[PDB]
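Next comes just one chain, in structure tokens: the form deposited without its partner chain.
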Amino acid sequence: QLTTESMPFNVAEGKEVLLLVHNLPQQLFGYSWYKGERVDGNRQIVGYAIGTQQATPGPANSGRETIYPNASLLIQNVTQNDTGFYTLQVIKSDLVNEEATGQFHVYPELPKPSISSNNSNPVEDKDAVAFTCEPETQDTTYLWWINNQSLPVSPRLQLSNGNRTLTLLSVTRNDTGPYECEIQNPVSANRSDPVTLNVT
């Protein structure tokens, strides 16, 4: 049961991903890595022939891919477009083909976000000011930080636009504190400048 493992599963842009191979048969004739779930000649990335110990790039090669004698495929200077499935073809000594599949995801290196307010001078007795992390990004998870702690879940803490927008239904002067926003993707995360609440 040939299997493939992508180490790491998630990779930031510009780094490299190494695909490992397990349960490799004892008798082998050659390997081949193809872009996509289907073994097709046009999608061949690289091939290796144990008999002649020759490694030859395929039509889909871009110079960033190298094949090791242990069937491991190394891709350097990865990019977002590389996110997809990869299939390994193993040719046994008897030339009967055995296939396997693997995948990995590429994610951007997010920047520190920013916060904007729809009201800059909250009314002390009550107000419905709204906060939002403006630099919207895909497949990102938003976290709101208040007073150096996670937001206390309460109905007064409304959320919108998924939860990229945080609205305090009823503000109070006791709510004064540092307001900070974080974005985290499967690979990286850091926070924004803490905004303050104005009252007197």
Second form
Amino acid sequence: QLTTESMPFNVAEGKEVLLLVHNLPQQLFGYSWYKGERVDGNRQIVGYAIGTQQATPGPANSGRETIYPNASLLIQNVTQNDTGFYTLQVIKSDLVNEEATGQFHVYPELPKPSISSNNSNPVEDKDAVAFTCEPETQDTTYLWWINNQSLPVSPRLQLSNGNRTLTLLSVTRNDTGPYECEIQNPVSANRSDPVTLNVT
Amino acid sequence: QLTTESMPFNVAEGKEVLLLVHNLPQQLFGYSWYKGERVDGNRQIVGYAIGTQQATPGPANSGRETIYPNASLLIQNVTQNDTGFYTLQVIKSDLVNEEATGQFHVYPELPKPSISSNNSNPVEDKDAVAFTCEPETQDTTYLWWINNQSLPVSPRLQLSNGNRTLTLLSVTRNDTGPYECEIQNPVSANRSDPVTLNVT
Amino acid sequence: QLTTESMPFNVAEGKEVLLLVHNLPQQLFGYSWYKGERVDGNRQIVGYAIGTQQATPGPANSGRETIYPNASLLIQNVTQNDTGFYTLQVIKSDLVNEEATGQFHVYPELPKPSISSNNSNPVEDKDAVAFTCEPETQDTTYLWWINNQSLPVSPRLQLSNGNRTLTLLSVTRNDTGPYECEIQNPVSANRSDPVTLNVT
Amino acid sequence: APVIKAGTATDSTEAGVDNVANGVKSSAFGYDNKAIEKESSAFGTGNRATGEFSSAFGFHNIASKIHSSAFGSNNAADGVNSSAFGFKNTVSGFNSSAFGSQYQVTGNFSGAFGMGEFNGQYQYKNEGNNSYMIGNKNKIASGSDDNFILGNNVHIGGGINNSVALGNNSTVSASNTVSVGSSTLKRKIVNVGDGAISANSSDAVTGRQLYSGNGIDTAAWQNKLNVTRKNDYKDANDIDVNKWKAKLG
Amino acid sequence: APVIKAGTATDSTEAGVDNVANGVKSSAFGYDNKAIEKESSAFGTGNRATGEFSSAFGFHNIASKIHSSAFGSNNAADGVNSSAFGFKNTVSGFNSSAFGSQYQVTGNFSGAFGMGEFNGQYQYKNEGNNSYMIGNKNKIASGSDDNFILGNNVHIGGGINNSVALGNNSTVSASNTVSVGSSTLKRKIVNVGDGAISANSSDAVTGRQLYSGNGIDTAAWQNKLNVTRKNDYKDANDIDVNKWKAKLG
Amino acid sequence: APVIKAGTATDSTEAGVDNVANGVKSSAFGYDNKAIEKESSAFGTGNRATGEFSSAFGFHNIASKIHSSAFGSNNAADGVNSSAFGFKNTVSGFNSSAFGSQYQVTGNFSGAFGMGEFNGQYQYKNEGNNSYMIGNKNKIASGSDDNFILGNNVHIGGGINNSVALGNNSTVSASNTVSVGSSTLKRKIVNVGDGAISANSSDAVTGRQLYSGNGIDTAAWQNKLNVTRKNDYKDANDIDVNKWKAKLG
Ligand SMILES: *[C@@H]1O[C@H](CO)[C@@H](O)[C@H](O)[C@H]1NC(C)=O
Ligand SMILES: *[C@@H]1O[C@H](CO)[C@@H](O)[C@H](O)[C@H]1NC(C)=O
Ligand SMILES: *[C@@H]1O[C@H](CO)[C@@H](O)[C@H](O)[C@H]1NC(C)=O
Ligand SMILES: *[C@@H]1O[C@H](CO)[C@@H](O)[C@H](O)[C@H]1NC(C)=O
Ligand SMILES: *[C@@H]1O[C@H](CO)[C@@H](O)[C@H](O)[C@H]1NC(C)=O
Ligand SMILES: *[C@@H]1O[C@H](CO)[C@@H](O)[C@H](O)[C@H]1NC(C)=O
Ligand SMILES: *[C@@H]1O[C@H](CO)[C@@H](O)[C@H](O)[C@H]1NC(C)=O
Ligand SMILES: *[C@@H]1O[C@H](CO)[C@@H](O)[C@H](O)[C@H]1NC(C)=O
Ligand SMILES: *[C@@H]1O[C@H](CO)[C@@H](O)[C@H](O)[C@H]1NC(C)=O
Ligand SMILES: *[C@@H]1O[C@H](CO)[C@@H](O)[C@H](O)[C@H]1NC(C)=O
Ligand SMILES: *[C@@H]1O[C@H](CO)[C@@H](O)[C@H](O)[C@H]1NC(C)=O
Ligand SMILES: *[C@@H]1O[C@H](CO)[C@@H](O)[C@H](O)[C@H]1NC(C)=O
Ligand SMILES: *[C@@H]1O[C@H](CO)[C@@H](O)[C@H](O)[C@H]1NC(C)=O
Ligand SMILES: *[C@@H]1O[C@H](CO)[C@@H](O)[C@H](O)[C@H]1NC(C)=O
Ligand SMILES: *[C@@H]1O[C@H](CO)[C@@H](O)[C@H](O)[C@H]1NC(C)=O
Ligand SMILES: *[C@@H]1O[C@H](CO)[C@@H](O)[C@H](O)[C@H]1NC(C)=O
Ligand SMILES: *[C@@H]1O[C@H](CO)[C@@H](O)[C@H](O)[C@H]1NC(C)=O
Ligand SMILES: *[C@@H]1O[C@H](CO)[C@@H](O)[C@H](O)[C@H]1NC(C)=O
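Can you return the structure of this protein in the form deposited with its partner chain bound rather than the form deposited without its partner chain?
Then the entire complex follows, led off by the chain already shown.
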């Protein structure tokens, strides 16, 4: 059975991805890589012909794709538009086609985040102040860090807009600490600036 | 069964004739019209190829013959030399030839005839004067008209040289009238000048 | 059965030899003559093609070989290097090859020989004088002649170096006569100048 | 075991193992052969004849139209009166032919004789009408018709009609031209007969003709080049006298 | 039902339905196949092999001579060592071949590769000896030999030998010529290497060669054009003294 | 009597008399046919298919490699992806083809279309790589590659690359040239479009272009030929005065 494996599965934008091929048949006539789940002549990225040992780019080629004699495909300068399925066509010696598939996801370089509060001076006895990380980007994961420690789960810590917004139902002067939030994708994550509470 | 029909069967010289085709097979590859009862490459008049939709004149073509998509042949400026048999070759989809035949006759434009008498002054009591239409033409039919009514069949009206010569065995003064003869072919017929008898 | 026959079998240098072919198959496609016992494309001397009636020399041709329509090969100006086997290739109508072989020997034209004696004045009572025909040549037959009659076989007539050296064991004055040497090969033979003894 | 038996239609024959014959008067001889149309024959191994009067002989051949021949290995003749002979030849045009290896002809009344390339798709194809290519790895773009190629690595772009390309690595860049080389390699034309120097002749002048210049217009050339004929020079024709007398006194 | 059985001769095989095999070691496989000569094969539908060692493979093919091959549809190879491959090809010459559709080759040692036309008879045929045609709808008249055509709609008349025609709608009007067009359409020859301007060279000069004129006979050209050389125009050579003194005093 | 039976391998078929099938999914149909490799077919009389996926159809045909087609009479296709079609064609190269009679192609990616000669050995063969021959009795020596021949009796020696030969009895003597004849017979090139006379154009000038001389460098030509312009001769420009006054007084 023919199987392809992306390496790595999740690639940062502007990096490269390499698709490995396993259990390649013994006697072969050539390979071809197509963009998408279908094998269509308009979607051919690159093709190899073992007989004459030639690697001819296809109509879908953009100059960033190279084929290898052991059938691996290397894509450099990857962009978010490349996220999708790729199919490998293997033509055996008797010229009967064999097909496989593979995919990878491209994610952006997630930047420095920042935090905001709609009440600058919480009331010491009680307040309902809310905390939110403004720089909205897609398909991330959010988590909060208080006093240099993961937030303790409690109904007192309300979360809204998924859980990018942290609302403190009833604040106390004992809760003074550095508030700091993370925005995180399968490829990268790095931290925001600690935010303090103002009480007296 | 493939049958061809001339239209009309008898054509005046210088006119046109159209050969119709009936029961033409459903799946065809092309046609060809040959002069004579045989199918020979030297006798090909015209040929049609349904595939490329092209009509190509043959060696026997003279510029007066046009073929039609419904296998019909049109011959313009027909002459007396064209009288003969024509064969149509139909090539079916499997390229097995099918044959048919057709014919027509060409006849000339017969003019006014004229009449002559070998005795200008018939003897009133009795005479054996003979009447003849001089302008001899081939394959024509003659008929005589007296007192502008068809000649009454009688042994008294002798006919010689077929019946182009009318001899009156025993004339009488009561037979005085306009003598007038016709020539008729399958295509046309028109009259001479009436001739009278002289008695006193 | 295909058989070839050299004519003549033994040829003097610079003469011509003709190889005859017998029992040639009825339906033929062409012939070919190869030098040596093998049929190799590098050894082809000449080839004939009955269809187009062309005689094309081969790589082994030297300009001295001609092929006749009846498959015979003629070699003019033969040399001692030509001695060997020749194979004839006959290709029938169905193009199944048929092979046959033939050979001939080339020999040089031997000259007048000459005779030598180690003793110019044989002793009359007895002597052991030896005669020898000096001009040594390969693959030839040696014949001696005394008083113009073939040498009478006797242990008295010793022969050495095969029989090119004739030693007379105990000469007598009655043995005086003409002594003459004959060098002969399969292709030619001619004689030397008679030699005599000196006695008194 | 191999068997001889009737197909699913009248006078249909199946000879061998795992054969299918469905057309009338059709026959499938060999292994895994299918003849599905009337008077269609599939002889060999794994052939398919899906068109009337079509024949696929060899190995894994496909014929699909009213008169299609696919003889060889992995040939696909999908076109009316189209023939694909050789190894992996695909003919998709009308009355088009192809002989060789790994060549595709999608044009009408076109042909190809040589070797192309097939990695997973046909990389070199003839898409022009009434066009023929003889050579290796030749391309004719769609819309370029009446083009002829005798060479290798000759690619013809769009909108190039009535052109001939000769030789290895030739290049065609315009219509109604015969190309002998590219901008990098330019070939000489040798053994050319003498031209027909005259007012209207369209010939090819040679090196000797231009060297000697026989037959040129001795009057037209004497106006393009402002020559001074020796007759006038020796006879003072066409001179100024009011100012020649100045320099010469 | 289809049957396997011996023919009417030794080692003759009939496979299928309604087959006839009459030659020794002959075979007819398929439907309505006839192999009548020794070692003749007819495989397919309605083939006829009437010559020794002849094979007709396909649909309604006819081979009639000592080595004839008719592979395809409705091919008729009636000629010794002749081959007709494709659709409706008729080869009547000796050692002649034809590949394509609707082409006839009646010449000896001739060939055709392309498409002709067959309405009821072959309208385009090769009647010349040692002549080859590659293109569509090309004609070579009988008696015109050693002619080569690379183009379409090229008709060669009688008495035209040793000629080459290149390109679509080319025209040949004489012997020992190479034509790259007709009187209406004339092609340019591009990418030509520089000629060999000299006394005896037979090359093809280029635009730059005639533009610059390098290597011309500077002495022959100075006689055809009466050129007053600047050296004489500077040194007063070859003038009249009894005439110049008249106009110039 | 002819019989249908299994060969010596799985799904192997023998049809006829005296047949041998040894490859898996192989078949031998006819008389004295041998199919010895996997998925190999031998149909006809005395055919041998000794390579995988190879087919020999006809009379005494031999196919020996991984995709070999020998269709016709006495063809021998011994080469990967090689095809030999016609009568007695031997293809020994890689991806090479041959159609015609008595032609041998031993070059790689080469081809031949025509007739050669075979007395007991192939006298005319294609030994060059990426080279194609169309004609009769043509030769290409080994080591001469990227050559194209359109003619008869054209022999190409060693060390001649990137050359084209056109016409009967043409001769090639150098690389990067196109020959339209030999030293004995030289062909004219007719119906040539007008060139592009200029500084850098590589075209073919015609008879009218050289006749009229339009577009030539009127200044360069006036130095190579030391013409005396009428603009100076009439105006007395560029003359000696101390020497004209001597002879003219
Ligand atoms: C294919 O080629 C590249 C470079 O040699 C290599 O990195 C890759 O591992 C190869 N694929 C396999 C399965 O070895
Ligand atoms: C990667 O992608 C960007 C966008 O096209 C381009 O500017 C950059 O030069 C590329 N870098 C390389 C090494 O190709
Ligand atoms: C780290 O934060 C900086 C500032 O926005 C950003 O440029 C960079 O992409 C981040 N790197 C990672 C691995 O998250
Ligand atoms: C802002 O913080 C105040 C603190 O009392 C709270 O009442 C309010 O709900 C927060 N506003 C939003 C939009 O979260
Ligand atoms: C506490 O602070 C440092 C950065 O200031 C951070 O790297 C560390 O992970 C935090 N402590 C824990 C247990 O994560
Ligand atoms: C924050 O959002 C994601 C949404 O999937 C969820 O998985 C995660 O558990 C959330 N964290 C908290 C503390 O609610
Ligand atoms: C064939 O075409 C001509 C002109 O359209 C027409 O006169 C004739 O009737 C047609 N023949 C038949 C049988 O319809
Ligand atoms: C018809 O035929 C006669 C004799 O050739 C010729 O004079 C006449 O011009 C022709 N008329 C037409 C309309 O073709
Ligand atoms: C009538 O007579 C004239 C000349 O005498 C001839 O031209 C014409 O053909 C005739 N017309 C008919 C219908 O007979
Ligand atoms: C001439 O007219 C007279 C009338 O009496 C008749 O007797 C005679 O038969 C006629 N001659 C011929 C040749 O008709
Ligand atoms: C009698 O009179 C006229 C000739 O003037 C003719 O047209 C008419 O047909 C004649 N009567 C009969 C019955 O023919
Ligand atoms: C005139 O001759 C023709 C010859 O066929 C004949 O049919 C016709 O009946 C004849 N008419 C008379 C009145 O005799
Ligand atoms: C073969 O041909 C030559 C030429 O006539 C002749 O000399 C020779 O005798 C022939 N051999 C036979 C056996 O006829
Ligand atoms: C035979 O060979 C010798 C040496 O090559 C040569 O001198 C002689 O001219 C040749 N004789 C003939 C008749 O060719
Ligand atoms: C005879 O001897 C002479 C030279 O001495 C030589 O040329 C010739 O070949 C010999 N002839 C014969 C028949 O031995
Ligand atoms: C030489 O002749 C003498 C005669 O007495 C004899 O003794 C001797 O054997 C001969 N020697 C040789 C080498 O012939
Ligand atoms: C004897 O004498 C002559 C030479 O002189 C020779 O030809 C002849 O053959 C000799 N007789 C015998 C039997 O050898
Ligand atoms: C001379 O030498 C040969 C060598 O074989 C021999 O056959 C022959 O008999 C010898 N003659 C005598 C008289 O010994």
